[PDB]
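Coming up is one lone chain in structure tokens, specifically the form deposited in one PDB entry.
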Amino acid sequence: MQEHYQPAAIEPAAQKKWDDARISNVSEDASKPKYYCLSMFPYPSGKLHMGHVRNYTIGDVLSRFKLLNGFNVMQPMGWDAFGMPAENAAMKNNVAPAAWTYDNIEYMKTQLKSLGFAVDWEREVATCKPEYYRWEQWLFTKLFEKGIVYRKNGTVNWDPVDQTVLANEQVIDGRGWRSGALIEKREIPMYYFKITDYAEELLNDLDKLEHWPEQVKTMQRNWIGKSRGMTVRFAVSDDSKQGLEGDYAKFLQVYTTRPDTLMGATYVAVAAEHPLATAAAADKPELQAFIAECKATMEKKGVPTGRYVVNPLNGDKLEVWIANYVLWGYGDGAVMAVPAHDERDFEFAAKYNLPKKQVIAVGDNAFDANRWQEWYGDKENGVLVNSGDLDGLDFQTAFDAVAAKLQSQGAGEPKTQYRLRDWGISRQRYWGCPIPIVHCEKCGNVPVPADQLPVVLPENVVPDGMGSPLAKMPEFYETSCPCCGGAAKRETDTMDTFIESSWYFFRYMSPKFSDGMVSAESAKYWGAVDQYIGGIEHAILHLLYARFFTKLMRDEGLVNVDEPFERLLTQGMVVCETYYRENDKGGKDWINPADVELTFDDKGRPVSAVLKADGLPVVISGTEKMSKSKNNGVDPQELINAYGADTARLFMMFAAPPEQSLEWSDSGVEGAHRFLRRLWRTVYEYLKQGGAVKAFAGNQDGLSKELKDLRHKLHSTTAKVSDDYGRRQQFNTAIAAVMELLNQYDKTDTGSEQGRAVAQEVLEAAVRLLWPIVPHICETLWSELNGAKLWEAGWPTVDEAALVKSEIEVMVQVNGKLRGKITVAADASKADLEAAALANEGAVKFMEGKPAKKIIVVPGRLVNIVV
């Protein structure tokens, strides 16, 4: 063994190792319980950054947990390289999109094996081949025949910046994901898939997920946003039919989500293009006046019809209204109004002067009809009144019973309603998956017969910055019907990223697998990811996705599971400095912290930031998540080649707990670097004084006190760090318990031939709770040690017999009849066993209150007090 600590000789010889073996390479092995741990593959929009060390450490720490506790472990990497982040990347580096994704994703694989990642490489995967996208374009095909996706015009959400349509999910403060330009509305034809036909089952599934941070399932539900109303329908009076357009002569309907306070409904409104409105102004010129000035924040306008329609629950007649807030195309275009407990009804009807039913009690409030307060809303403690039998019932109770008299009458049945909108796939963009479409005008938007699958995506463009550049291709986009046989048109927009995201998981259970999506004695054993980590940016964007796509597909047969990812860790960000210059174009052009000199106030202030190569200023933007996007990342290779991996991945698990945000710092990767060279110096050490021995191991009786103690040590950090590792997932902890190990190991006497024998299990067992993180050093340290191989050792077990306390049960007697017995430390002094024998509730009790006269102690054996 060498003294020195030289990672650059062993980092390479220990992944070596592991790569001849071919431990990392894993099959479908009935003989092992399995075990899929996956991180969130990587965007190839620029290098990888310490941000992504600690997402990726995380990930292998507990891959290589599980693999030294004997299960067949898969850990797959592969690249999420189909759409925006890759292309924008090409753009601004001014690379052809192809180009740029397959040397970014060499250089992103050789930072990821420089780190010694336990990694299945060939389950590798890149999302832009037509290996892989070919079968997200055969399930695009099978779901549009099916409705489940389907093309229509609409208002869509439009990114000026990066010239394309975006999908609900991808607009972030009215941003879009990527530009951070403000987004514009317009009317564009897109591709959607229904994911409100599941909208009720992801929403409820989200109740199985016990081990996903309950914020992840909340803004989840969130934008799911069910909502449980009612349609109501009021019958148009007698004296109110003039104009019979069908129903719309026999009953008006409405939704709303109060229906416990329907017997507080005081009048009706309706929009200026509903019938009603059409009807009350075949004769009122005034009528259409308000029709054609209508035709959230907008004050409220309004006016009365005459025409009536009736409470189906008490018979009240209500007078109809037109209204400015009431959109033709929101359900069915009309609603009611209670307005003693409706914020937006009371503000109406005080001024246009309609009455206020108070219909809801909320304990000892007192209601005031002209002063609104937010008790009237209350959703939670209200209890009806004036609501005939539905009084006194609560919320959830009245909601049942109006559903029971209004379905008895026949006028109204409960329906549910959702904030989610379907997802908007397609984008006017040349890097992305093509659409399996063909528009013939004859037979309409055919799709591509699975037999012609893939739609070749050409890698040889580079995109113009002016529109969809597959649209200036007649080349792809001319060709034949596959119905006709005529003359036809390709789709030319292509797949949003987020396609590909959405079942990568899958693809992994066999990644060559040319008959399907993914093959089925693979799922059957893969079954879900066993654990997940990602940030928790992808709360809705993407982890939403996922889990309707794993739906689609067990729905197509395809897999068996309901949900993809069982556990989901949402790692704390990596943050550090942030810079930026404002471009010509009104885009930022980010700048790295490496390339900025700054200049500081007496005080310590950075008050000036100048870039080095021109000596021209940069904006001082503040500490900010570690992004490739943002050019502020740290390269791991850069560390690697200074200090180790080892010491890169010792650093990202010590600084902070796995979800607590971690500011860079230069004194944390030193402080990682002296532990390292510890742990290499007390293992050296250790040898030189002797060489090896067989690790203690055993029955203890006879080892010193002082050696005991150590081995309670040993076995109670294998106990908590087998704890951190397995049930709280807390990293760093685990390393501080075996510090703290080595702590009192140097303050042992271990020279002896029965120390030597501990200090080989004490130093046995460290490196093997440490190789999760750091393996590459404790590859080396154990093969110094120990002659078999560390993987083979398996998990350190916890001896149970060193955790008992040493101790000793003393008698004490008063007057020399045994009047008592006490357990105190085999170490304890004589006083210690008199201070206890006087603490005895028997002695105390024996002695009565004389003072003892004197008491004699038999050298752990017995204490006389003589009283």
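Numbering follows the first chain given and starts at 1. C-alpha atoms forming the largest set that superposes within 1.5 Å between two forms make up the rigid core. What changes on going to the form deposited in another entry:
- No residue of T570, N104, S501, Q170 other than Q170 has its CA displaced by 2 Å or more between the two forms when the core is superposed.
- When two forms of a protein are overlaid on their rigid core, residues whose CA moves 2 Å or more are considered shifted, and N583 is one of them between the two forms.
- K16 is not among the residues whose C-alpha shifts by 2 Å or more between the two forms once the rigid core is aligned; its shift stays under 2 Å.
- With the core held fixed, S829 shows a CA shift of 2 Å or greater between the two forms.
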The other form holds:
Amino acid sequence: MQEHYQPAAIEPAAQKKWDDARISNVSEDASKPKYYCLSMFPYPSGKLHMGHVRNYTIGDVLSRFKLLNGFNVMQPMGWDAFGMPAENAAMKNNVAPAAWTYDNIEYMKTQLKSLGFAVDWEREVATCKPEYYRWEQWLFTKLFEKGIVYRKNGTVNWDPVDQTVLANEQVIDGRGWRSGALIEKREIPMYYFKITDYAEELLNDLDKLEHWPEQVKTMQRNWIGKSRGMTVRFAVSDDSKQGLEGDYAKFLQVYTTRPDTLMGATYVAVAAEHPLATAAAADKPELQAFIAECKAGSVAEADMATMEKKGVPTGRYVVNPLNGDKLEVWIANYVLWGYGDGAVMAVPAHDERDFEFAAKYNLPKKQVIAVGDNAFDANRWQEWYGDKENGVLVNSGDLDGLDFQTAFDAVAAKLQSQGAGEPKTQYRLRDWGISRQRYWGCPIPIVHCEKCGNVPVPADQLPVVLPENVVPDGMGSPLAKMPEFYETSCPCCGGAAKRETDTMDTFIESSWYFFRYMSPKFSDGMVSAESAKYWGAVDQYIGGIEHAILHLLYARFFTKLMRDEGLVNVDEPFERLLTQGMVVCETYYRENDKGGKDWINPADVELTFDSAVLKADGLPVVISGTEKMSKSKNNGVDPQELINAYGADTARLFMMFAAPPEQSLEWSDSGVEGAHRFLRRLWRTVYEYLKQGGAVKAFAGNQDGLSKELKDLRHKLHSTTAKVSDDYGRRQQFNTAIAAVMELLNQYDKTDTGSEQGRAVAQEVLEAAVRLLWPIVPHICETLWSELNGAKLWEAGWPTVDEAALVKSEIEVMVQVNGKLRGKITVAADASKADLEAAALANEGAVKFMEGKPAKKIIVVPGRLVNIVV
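Let's see the other form, the form deposited in another entry, since the form deposited in one PDB entry is already up.
No partners, no molecules, just the chain.
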């Protein structure tokens, strides 16, 4: 054994040993219990940083723990390769997005290989390869003919100067990001997944996910946004019907989740596009100006909760069907034409939005709910005004005194008897719009024929291959300017036709890649039946909370679609979910000549303290704040530079030790140093042990006759094994597991293990320590193991707990009656004061000197004495 720890030498050797043994290349082996651990695959945008590394080290820790316990572990990696990163680089470096993507994949793969993750690289997928995306093109065509995928006009952000569609993230105060031109709201045909048809299933199946963080489930529930409410129709008054046609001349229909407050409605409000708004605005130019300002605004809910709610009265009136009140119709900018009826009722006394609205315009507030003895001040809003659970109705005639659910059910029966309303369920969830007007994405497998319409490409003709010899420039999608791509024949009639040139939302690739890993070379379907049946569901998923809503919802949706197609037989894709905390790091920059400032990477700066200078120009730089490690502020620490300086094991150890996995983790030079020093200590410990006599048979079995100090070391040892097993398996708290092993080594260091029995216990401790830590730092542990023991580490398995090592020795306690010694008892070291009392009262000499008299008091001195006063 070499005396000094040399990571640069032993880590490549360990990785080659693991690669040669194929321990991470797994099949569908029925002779082993399966375990599928999955980390969210990265966008191949250039270079991974230590943030990504924390995510993938956590998954590798869990994967190696399960492997040591005899599981058939699949831990796959792959590349979420489509999307805008490459398209921007194509404009920047004037390179094809495909070529840029593959160059990044190759570099990042070596980044990952250098870290020694136990990954099945034979299952690697890159989602921009036709062999992958053909199968989501396939599922698209199957769902299209079922109507689950459909085509309809939707609204987009049209930049007339750049001649491109833009996301809402790129429209700023109504103008494009790179243009500043007024964006036009344009209606174009697009493709949608009818995810609303699955809303109730997607909502209710969250209850099955007993091992998901509650916040993630809460966020999905709020996103789906189911509500149980009431459709309510207000008869349009006879004087308010001019210019109204059909049903709009008859009633105003609204949706409310508070039908128990319908007796308290004081006005109603309609969207600017509502037919009542249009008719009243006919002769009123003030109503036209307000309607125009509404439609010109952004309907995004982010801008709308921060929006000043405004309205104008219309002079039109409707009649409350429960009490006959004549209520004026207002046009209001908060009423959305597309959610429900585009019209709402207003109850200012019991909804905070209606209270503030009616406080601005001095509209009536009528109390219909009392909550105990709480006083109702019509000029101030109180949190109990909206309490659904603890209130009963007042000023409601038939309904007085009922609670929320009783009044709900009563108003439902009343309105249905009058034909003026009925219960209705709504969802905030909208259908999922697939279409993107971008080049670097999966082509939509639709052909447009003037005779046959929008027809799907037949399964025999899939994939529609995205051409990779393309350099986009930002003046519209290049597919729309390539007749060699879009000119084709119609698959139904054979006539001349045109391919759809929009591509798919790249969330599509990530909505099913976890099934593709199960059979990534299968060419008869998305996932082979035998492999899906073997691997079942992902046992463990690890990824950032930024994907807890959309990605997770889409993946759960695809799972159910694939189930209903007969491709898989699980309802849910991910059984356990771990959301790792973000790695954060200080930033640095300097102001550029073009006004705006540009950011400098940490490893390119030099910091002196008690000046911050650029490591190249030797000029000082700005030392700004600490935030999430990312490419935007260029504060990503490249693992490869850390590995060159300290080794992969030092990188993995720092990430797993510095913080609980869910807690944010601040980059620290001192923290990296503390990990290396521990690895030196670990190496030093095994070397000095083998120096002083060489390897021996590890102690096992009956420990009677072992010295007190060695019994205590074995007690610490097997307590540590139980603890680390619980931290890895149940708690998933890796920082405390490492601390536990460090405590074992501290006690080892304080124990004389020179004797024959001392060496056997020393062998037992070190053999356990190196296996306990192997999921965290497998390179040094693999090498140290082989110097300790000739068996294969993965065949020796996870360390077992010796329960006999956890039994402490028994105590002898004196039993006195009225202070005079009358007997002796033998008690457990863990015996409570009540067990000491019981054993003492049952001592022969105690009962023979208590003379049947009861005990007036019993003094218990643990470990020394029990005195029975009688």
